[PDB]
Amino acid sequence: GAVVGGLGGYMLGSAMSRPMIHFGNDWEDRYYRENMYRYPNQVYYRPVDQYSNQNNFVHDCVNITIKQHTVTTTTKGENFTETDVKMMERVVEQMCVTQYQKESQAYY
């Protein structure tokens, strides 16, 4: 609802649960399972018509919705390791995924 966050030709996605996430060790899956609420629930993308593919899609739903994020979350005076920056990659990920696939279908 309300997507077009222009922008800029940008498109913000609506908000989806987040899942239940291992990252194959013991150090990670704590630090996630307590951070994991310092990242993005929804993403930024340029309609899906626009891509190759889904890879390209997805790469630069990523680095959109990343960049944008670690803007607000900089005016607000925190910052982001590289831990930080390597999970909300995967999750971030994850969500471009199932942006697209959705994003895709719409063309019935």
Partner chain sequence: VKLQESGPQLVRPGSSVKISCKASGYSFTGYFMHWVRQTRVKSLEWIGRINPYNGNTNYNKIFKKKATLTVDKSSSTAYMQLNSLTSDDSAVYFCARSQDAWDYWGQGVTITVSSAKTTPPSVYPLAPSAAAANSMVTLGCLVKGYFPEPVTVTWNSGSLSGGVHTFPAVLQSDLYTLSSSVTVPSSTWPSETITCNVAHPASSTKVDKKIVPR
Contents of the next structure:
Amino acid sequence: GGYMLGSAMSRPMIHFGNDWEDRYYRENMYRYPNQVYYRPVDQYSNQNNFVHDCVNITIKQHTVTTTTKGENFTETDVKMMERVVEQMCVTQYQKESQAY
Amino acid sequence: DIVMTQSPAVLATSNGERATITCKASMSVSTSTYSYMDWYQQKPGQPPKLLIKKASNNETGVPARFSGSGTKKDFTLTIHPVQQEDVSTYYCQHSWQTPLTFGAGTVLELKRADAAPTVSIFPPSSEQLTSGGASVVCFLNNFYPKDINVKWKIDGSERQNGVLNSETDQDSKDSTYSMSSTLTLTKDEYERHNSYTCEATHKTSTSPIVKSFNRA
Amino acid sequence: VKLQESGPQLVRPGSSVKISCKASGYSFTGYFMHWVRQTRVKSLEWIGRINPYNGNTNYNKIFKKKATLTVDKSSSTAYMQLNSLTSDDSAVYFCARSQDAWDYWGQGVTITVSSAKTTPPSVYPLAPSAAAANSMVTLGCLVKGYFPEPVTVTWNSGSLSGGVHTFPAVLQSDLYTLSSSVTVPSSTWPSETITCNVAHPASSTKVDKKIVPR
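Please supply the coordinates for the form solved in complex with the partner chain, as a counterpart to the form solved without the partner chain shown previously.
Once more the chain from above appears, this time first in line as the rest of the complex follows.
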């Protein structure tokens, strides 16, 4: 809806500070997005606004399309996706900055 | 919603022995690597306390005599050895989807040796008499088993009307029970009589425990 | 980690209430917050959840339009507003932090939906009869004729907790009655003072009743 889809990218490796989350994330990150939806930077006041919009649209769209295939995400998945998509949305912002 | 069928509804277990609480889910709540089952413990007046998440992981500070096991549709909370502080109601809860529904709960109670009640009787206070009321109170404290009966007698004759009774849940330190019984009269009624008696009848005595006072 | 809820409330049938849940000690937006109530039957009834990160909510849809969940990120506080309350909504309401498990809970908020009037308790000391049995001594406190629940009863402002039994309140004729016993060695009372303290939030009363001999 005026949103672009960026190129696929490496999913960042997150350390959570405890072995359970660390292992859960490593084993499940293939289920999470590896490209983000974004609007052009020129439609946002600052980077924080670009990023928050990017996180929420990406996760919402990812939840919808994977649900049709039978995916089931729990709260742990959503909070991990919020953390990894946040970093990937920051990267997308930086990729759009490199266009200059 | 997922339906979880928790059993038994009630569980009595001896000190130091093993208690096992079962939860069957209406659909699978596991993958081949993770199971989405939590166990809580609730004591009177407190929110539930999380003991175990993802079927088998103890919360920090939960003693290792608690353990969670199972997979797919069948899950178990085991306590061994059970201690006095473990008396409470336990619940399973899945985390596969919302709503995170609960089993109906299991009331776990400790067994122990018989304990006779400590019985105390209390005349009406001056403050209460001043405003025209007269409550006589009888405490029956720290007994076991929980089945007890209290009888009020005024001037030797059984009195049933005007009696209000309240029972505590099992004590977390000595696994006993306690009961309070209050006989409420008007000040006028109270002063038409002299002898006031509560009689406790309990497994531990073949004759009742009697506490009494004379208004004189 | 602490979740601190607002105090108990008495509300008339048909009106609204807003309960707060102040979180501290963790990243507020890193966890969902659930609201649940525990009924007279002790069953847990889910109300809904909110994601503080983006404000998204999921409701127990069987409720319809009874509840509204919001957060204030500036104060890291979660709010549950309940509309058009009935007596069946009387319950203890809890907020709880969640990531696939409710690991920290608020202390609960007792809501009473009733047209009945607030009544402060009468607090009566229970001193033993003038007979000197000597193993220990048991004293007590009778809290009579109040509405609504709850009251808080402590002995010596909370410093006396061993040997205490506080009995569940009993509802009769639209008024609650509660009692508490405290057991101490015979050498400690009456030489040392023992007082029961009774607070009734709904009537904004706090009463201290010293137990005096005779």
